[PDB]
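Can you make the complete structure from the sequences, with help from the hints?
Given next are the chains, with one letter for each unit.
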Amino acid sequence: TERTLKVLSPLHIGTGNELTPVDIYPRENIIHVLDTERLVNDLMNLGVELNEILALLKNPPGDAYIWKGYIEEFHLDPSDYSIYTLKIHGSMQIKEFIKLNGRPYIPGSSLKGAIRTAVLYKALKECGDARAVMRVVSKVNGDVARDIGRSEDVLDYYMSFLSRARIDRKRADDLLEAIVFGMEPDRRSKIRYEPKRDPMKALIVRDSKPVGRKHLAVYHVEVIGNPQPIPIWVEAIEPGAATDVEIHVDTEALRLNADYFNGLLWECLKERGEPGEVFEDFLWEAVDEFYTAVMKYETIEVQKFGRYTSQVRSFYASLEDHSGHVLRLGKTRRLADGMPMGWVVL
Amino acid sequence: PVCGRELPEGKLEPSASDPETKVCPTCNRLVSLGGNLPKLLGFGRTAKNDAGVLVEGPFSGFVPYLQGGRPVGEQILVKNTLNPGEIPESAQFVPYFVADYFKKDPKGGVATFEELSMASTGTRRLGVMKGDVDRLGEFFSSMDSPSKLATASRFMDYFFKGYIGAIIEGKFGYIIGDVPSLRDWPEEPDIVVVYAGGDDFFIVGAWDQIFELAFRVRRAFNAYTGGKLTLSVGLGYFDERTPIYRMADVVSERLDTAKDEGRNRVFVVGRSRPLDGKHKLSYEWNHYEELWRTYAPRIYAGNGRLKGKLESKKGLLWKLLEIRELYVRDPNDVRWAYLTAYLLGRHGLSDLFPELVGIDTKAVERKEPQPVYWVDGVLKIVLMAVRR
Amino acid sequence: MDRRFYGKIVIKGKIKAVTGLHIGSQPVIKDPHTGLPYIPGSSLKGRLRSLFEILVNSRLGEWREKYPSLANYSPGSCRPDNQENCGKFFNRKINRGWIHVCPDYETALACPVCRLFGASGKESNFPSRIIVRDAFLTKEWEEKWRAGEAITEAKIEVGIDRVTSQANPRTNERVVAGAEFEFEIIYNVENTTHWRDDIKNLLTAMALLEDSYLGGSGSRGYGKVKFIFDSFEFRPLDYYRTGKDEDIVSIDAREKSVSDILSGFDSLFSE
Amino acid sequence: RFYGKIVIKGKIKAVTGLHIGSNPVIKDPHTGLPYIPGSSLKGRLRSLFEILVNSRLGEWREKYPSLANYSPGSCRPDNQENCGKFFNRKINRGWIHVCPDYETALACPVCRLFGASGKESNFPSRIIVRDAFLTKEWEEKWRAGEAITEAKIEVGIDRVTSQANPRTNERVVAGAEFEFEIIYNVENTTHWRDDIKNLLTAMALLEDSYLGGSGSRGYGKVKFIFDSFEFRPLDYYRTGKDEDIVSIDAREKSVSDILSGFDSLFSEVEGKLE
Amino acid sequence: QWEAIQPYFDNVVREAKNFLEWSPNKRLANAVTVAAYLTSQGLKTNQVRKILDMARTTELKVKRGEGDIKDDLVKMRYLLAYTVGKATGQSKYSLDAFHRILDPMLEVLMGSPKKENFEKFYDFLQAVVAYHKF
Amino acid sequence: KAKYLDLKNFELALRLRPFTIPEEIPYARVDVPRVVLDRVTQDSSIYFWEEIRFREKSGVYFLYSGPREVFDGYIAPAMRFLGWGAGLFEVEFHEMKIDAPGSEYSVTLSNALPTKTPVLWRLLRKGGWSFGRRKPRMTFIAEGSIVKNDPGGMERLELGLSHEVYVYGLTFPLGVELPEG
RNA sequence: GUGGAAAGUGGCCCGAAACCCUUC
Ligand SMILES: Nc1ncnc2c1ncn2[C@@H]1O[C@H](COP(=O)(O)OP(=O)(O)OP(=O)(O)O)[C@@H](O)[C@H]1O
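Protein chains in written order, with the working numbering: chain A, 826 to 1171; chain B, 591 to 978; chain C, 3 to 273; chain D, 380 to 653; chain E, 4 to 137; chain F, 181 to 361.
There are no misleading hints in this set.
Pairs of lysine-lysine residues, derived as BS3-like cross-links and limited to a Cα-Cα distance of at most 27 Å, are as follows:
no. : chain 1 : residue 1 : chain 2 : residue 2
1   : B       : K897      : C       : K95
2   : E       : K64       : D       : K392
3   : E       : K78       : C       : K32
4   : B       : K897      : A       : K995
5   : B       : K868      : F       : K237
6   : A       : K883      : E       : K73
7   : A       : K924      : E       : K78
8   : D       : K406      : C       : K32
9   : E       : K78       : C       : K157
10  : E       : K136      : B       : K909
11  : A       : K1015     : B       : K903
12  : B       : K868      : F       : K188
13  : C       : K16       : D       : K392
14  : C       : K141      : E       : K64
15  : C       : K18       : A       : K1034
16  : E       : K47       : A       : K995
17  : A       : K893      : E       : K78
18  : C       : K32       : E       : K66
19  : D       : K520      : E       : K123
20  : F       : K181      : B       : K870
21  : C       : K141      : D       : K392
22  : C       : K95       : B       : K903
23  : C       : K95       : A       : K1026
If you want a taste of the chain E side facing chain B, the calculated C-beta under 7 Å gives, among others:
no. : residue
24  : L31
25  : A130
26  : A133
27  : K136
Simulated from the structure, these hints should not be mistaken for lab results. Ideal Cβ placement from N, Cα and C applies to all residues, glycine included.
Right under this line is the structure:
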C-alpha cells in the first residue's frame, strides 16, 4: 500500500541531540552545519593545538565569526567541512531533525502514534456509553464496571478516576488506553494493560523514504504565552517536500485470532461486520474525524494564539479542502513564523 | 547385568522382569524380597533347606515372616519392635532395628526413581544423601568400660536406625526449626531410606526433600548429642536414569572431600573453585544455615515461586553465576564486585546483595574467600527450585 | 520412513534491510568478539515459519488434498481448549504459546509446513530439511565500519499516550538502514517429486516476509528486508562424493515477482 | 596386517559457533574451556555418510558388494532387527546402521569405516577421531578474558497471544579454531583410496550442514582448514628420525582438496605403498 | 548531600593523575567515591552515553583492530569539553566533575600507550559507570 | 584417602618415617553423558559411559626395570604406536631413581598374580574382553602391595582364541622394611 | 596379543507484543 505524504505546514521531528554553536556558522542568512570531527582532525596537523586549543571548548558558546574567520585565517575551506546547509527563517543552539546517515526521514512510530490517537478518539466517540463499556468491563473483573454503571459513559468515569486520589503516573496514564485497547485481570488496578490484546499489531506503519535535504531548513519559533527569552530554532522540512510512505493493514492477523483480541476498539469494530474489511476504513475515517475536530478546537483558538494573523486564517481556509488525510506530528502557542507545526496530508 | 556378582555359569535365570535378560539367582530372590518388603514383618533364621527359604546365609537360610505366617528355625529376627506377639514359645526372639521409611506407591510397594523424582518441586532431578558421624573412632577410644561402650554404641545406633523414621515423618519439629525450607514438608515425603545404620546413612529421594532432610538430620543430631559430635553429609543430584553405582561414587567422593576439608561440613552442590587451597568446596553448617537465613527469604518465596520483586525478571539470578565465574577464573581481580552492582543497578534491586557489591576487607585480612564465592550455593538451589 | 537426501539447493541471501532493523538480546545481538550487527538464523527461520503457517492457516481450504495430512486440522486456534492436541492447526504448548507441530512422522511427512520446518514431540521429531545460516554482516560493511561511518546508530522512542505527555523514553539501537547481511540458506532435497512443491512453497513465505517484517518492533518500521538473491545454485551428490569443481547454477538477475524462473528451476535438473 | 595411521591434522573454524550440549551448556572438561568431543564429530560424520549411502545404495551395488541386500528404508515400521531395509540396531529408541557380521562389514562402505558390533561381529572402527582442543591462539585469547562462550536467547513466539519464553542456549563464540585431528588405520590397502575419499566426502557433507546441537537455524557452519596429511607406514614406529610424508598445508579447501589436488597428493603416498 | 571529601577524592584522582602503574584496588577504591560525588550531583546517563560508545568502539579497536588509538582518541578527548560547552545551568555546574578526570588522565595517556596500558583506563571508565545507579 | 604419593613422600613413606599425603591429584572422573541419536529421527537413550579426564600439564607414566636393549626393541617402538577419541598419546622417555632399602619384604608396583604367597594385600578382579570372548575374572593383587617371599608369579595362559592370550601379573621389587606381621 | 567392539546430548521453537522525542 504505497501512499504519498505531502507536507502542508512546517514540520519538526527531532531527537534532542541538538546542534551546537560549535557547528553553526551563520553567513548570508544561510547556515552551513559543520563537521567538527573532520575539522579537529584537519586542524591539529598543519595547525596548532597547544595541548589544549581544539579541546578548549569550555569557552562560552556562540561567536561563530571568530570561530571560523580566525581559525580559518584564509587557511581552511569555507564550507567543504559542512555536511549540509539550511535556510534561515527569522546565534544560538539548533534542535536537530532526526536523521539517517545525514538525511531526514519521517519515523513510522510517529505516524503510528498520530494515527492511534485518532483511533482512540473515534473509539471513545462512537462507542463510549455505559451500554457498551460496562458489558466488557464486567467481563474482566467488573468491580470497576459497577463504578462505571453510575455514569452513562466512560468519559465521566475516567474524569472521576483522574480526579481520584493517590494518582501516580504509571497506573493512571495507561488505564484509558487499557480500557479501549484491551486489558488483563491483575491485582494492581483490578485491570492492567497487557499490550498483546491490542489490534494495532495488525497495523503496519513503515518508516518513510529519505526526504531530500534541499527542503530541510531551520525555522524560528514564537511561543507567546510568557515573557521568557525564547530564541529557539528547529530543524524542519519545507512545505512542499512530497515524500512517500508505506502503511497497510494485516487482515490475516485479526481474521485468524479474533477471540483473544478484545477491548473497546475491537468491540467498536466488530459492529461493522468482518473486522478485516472495516479496520482500514475505521482508521482513515478516525483520521478524518480527529484532524477536523482539532481544527474545531483551533478555529476558536485563534484569539488564543495571541496573534490573530491572516496566515492562520488562510491556512484554516485550506485545511478542509484536501483529497487525502490530514494529520499532525506534534498556553498553547507553538508556532513557526505564525504557521502551525507539523501538518501533513496523505 | 543387575548384580556385579559377575561369576556364575549358565545357572543364572531370567525372571521377575522382561524375561530375556538372564539374571543371577541372588537378585532373583531379592526383587521377590522387595515385593514383600512393605508387608514384611520379619525373617526366620532356619536351616538352609527348609520350606519358604528365600535367602541363604553363611550358616542359615531365612523364611520371610509375613503378616500371617508362623515360621520357626529356633530364631526369629523381628523388625523394628520389641513385642514378640504372634510367634511361638520355641524360637529365640531376636529383635533388630532398621530405618525402614519409604514412600509407598499407589499400590503400596516401593517407589522407583522415576516414581520419586516426579515429585520434585523444580527440575526433575534425584537427590542422594550420604553421611557419616565425625571423629567417632576417636570417641570409642575414650570409653573405659564395657558398660560405657555398650551405652555409647546403642544410643548412637538408635539414632541412625530408629530416629530417622521419626525425623522423616515430620516429628522433632520443636527443636529442628528453621532449616532451609524449599517447600512445605508434606505428610508422606518422597524419601526412601536405602541404608542407615551404625554411624552413616544413605537416603535417596526427591531432591527438594533430600535437601530439607539433610539439615533436619543435622540439627536434630546436634540436639541429640548435645553438640559434642557432628555429622558430615554429602549431597548429589542426578538424572533419574543415572546408574546407582555412579550415584554412590559421586556422593562418596563428595563426602570424602567434605570430610577432608574441615571434617564437619556439608557438600551441597558441586561448585567451580580456583586451585590455591584457600577455596573449600564444602560448607560449614553454621555457614550455610546462616546464608539461607540471609539470602533466601529476600529473593525466594515459598513453594517453587520466586519473590515478588524478582517476579517477571527471573533471569537475574542466572547472571550472578556468570559474574561469579570471573571470580572463579581468577581470585586476585576485582571485576566481580563491580559487575554485580552493574547488574543490580539495571533492575532496581539495590539492597538484595549488599555483600556482593563491595569487596570486604574482612575476608582478605585473614585470607578467607570473598563473599561472592559462598552465595552461589544459595543461588543454584533456588535456581533448581523455580526452573519452569 | 526414510530421510534419503540428494540435493542441498542453496541460496546466497544478501538481505540489504532498508528502514531499520532491531533484533534484541541481553540492544543488538552480537555476543561474539567482533562486535557488530548480525541476524542469527533462528530469528529468520522462525519469522519464516510463523508467517508461512499463518498463510497455510488461511489457505488450507483449497489445498486440502495435496499435502493430505493437513486435512486432520481445523483453521481455528487451541487457545480456549487448553489441551496439547485438539484437532486444530495449532498445538504444542511450548511454555505458554502454541506452534504447529505434527506429533507423528507420517503426518509430518506430508504437512506443507512441517515437512519444511521440522516436527517434535513423542517419538517423531522430523528433521527440518532447511538449514538457515546465521546472517553475518558482509565484508563491505565491515570495511566501511573499520573506517568510521558507524553502523548500529541508536534511536529513541517515547510512550506519549493520550494523557499529559510525561512520556518515559526508551532507546532501541537499531541497525542502520542499508546493511548487507550476507545471508545463506540451505534446503535439503529428498525424493524429487517431494521437491519442486517445496522451495516454490518456501520462497512465497520469504515473499510474504518481503512484504512483512522481521526483527522486533516491525509494526512501526524495522523491516523491508529485500532478499536480493545471489546464487540459487544446487550441489548434488554427484560431486560431494567426487568434487570436480562443477555445479548447477541459476540466475540472480533482480528477484522473482511470482516465480518467473519456475521454468529455469528445472534447467539442468533431474534430482 | 597393519600399514597405517594416517594423520589428518587441522583446524576447524566454527563460523557461527557450536552447541555440543550436556541452561544447556557446552562440554567443559577441567579448565573451563569448551571443546568438540571426538564422539560428536565421528557421529555426525557418520550420520551424513550413512544417509548418503541410504540414497545411493541401489546404484553403487557392485563396488561394496555387501551393500546390496538392503533396499532402502528404516526398520521402524517392522519392529525387528536384521530386517532388510537398511539399518536395524534398536538401541533404546534409535535405529542406526551396523552390519551384524564381520564378513559383511569388510565391504559395507559406511560400516567398514566406523565399525560394527552387536553379537559375534566386532569390527574395529578403522578411524580415531581425536577431540579437538582449542588451538593456542584462542587459549591465550582466553587468558585475558575474551568470553569464549556466548549466551544466546531464543523464544517460542505464539500467534494468538504473541507471547514468548526464554530458551537460553549458551553456544561457543562464532569464530574459533579448535585444533582438529583425524587418525585413520590403513589396513587392507586396496580399500584405502575409496576409504579416505569417503571420509573426505563425509567431511565435505559438513561445511554445508549442522554440527553440534540445535542446528538448521544457525549454530553449525564449520570449516575444516586441514593442514598436514601425514603417513606412518611401518618405519615411523620402529624408527622415526625421518621418512614420513608431509603434504601441502596452507589454503586447502576441502571441496577442492577432495580430488583436484588429491591425486597429486595420493601419488606421493603411492611412492611408499607398503 | 555533597561534602568536601568527595571533591577531594576527585582531587586525589586529578592531582594524583597517575593511575596507570598503580594497584587494581587503587582504581576501585576511588571509583566508588568519584561516582558518589558524580551521583551526589545529578549526572543522568544519556549525556554520558555519548562518551561510553567512543570507549567501547576503541576497545574493540584494541581487541585486534589496530596498534593503538592514535587519532580517534582526540574525539574521545574533544567530546568531553563539547558536552561541557553544551551543558547549561543545572548540568555544567555538575558535569565538570566527570570532566575533570578524563582530560588529565588522557593528557599523558595520549602518549600512544599500549593496549595493556589503556585497558587500565578503560576499566576505570567502566568502573565509574555502575555506581551512578549505586 | 591413601591413594598416591610424591617421590619424596615415597622414599620415606616406606622405611618407617613420617610421610605427608599430597592433594594435587590429576583426576576428573567425570560423568560425560554421551550419545543420543537415530539416523532419521529423535533418540532419547542417555547412556553414560563415563571416562577419566586430566589436568592441564599432567599425564600417566609407568616404569621399566630392564635392559635398555629389550626396551628399545619391543616396548619403546610400541609406546609411540598407540598414538571414540580416548587414545590420546604422546611419548617422552625419562630416567628415575628410588632410594629403596634392603629387600626382605617390599612392594610389587604392579597389579599382581602371586604364587600363593599372601602378605598384606588389596585384592582385585580384572575382566577384559581381549579380542571378543570375555576373559575370566583372574583375581589380582592391586597396585602396590608387598609379596616378596621370592615372587615370580608367572603370566597366565587363557583360552578362547586361536593363539592364546596370556595375562600379565609378574612383579618387580622395591625396598621396604615393614614393622611386623 | 587393550573391562572390548559398532553409539552427533539430538529433534521443534521470530527476543517477540505494544509505545508519536513530544508536551509545557
Ligand atoms: N553405631 C556404632 N556402634 C559402634 N561402633 C561404630 C558405630 N558406627 C561406627 N562405628 C565404628 O566406627 C568405625 C569407623 O567409623 P568412622 O571411620 O566413620 O570413624 P570416624 O572417627 O568418624 O573416622 P572418619 O572421621 O575418618 O570417618 C568402625 O570401626 C566402627 O566400628
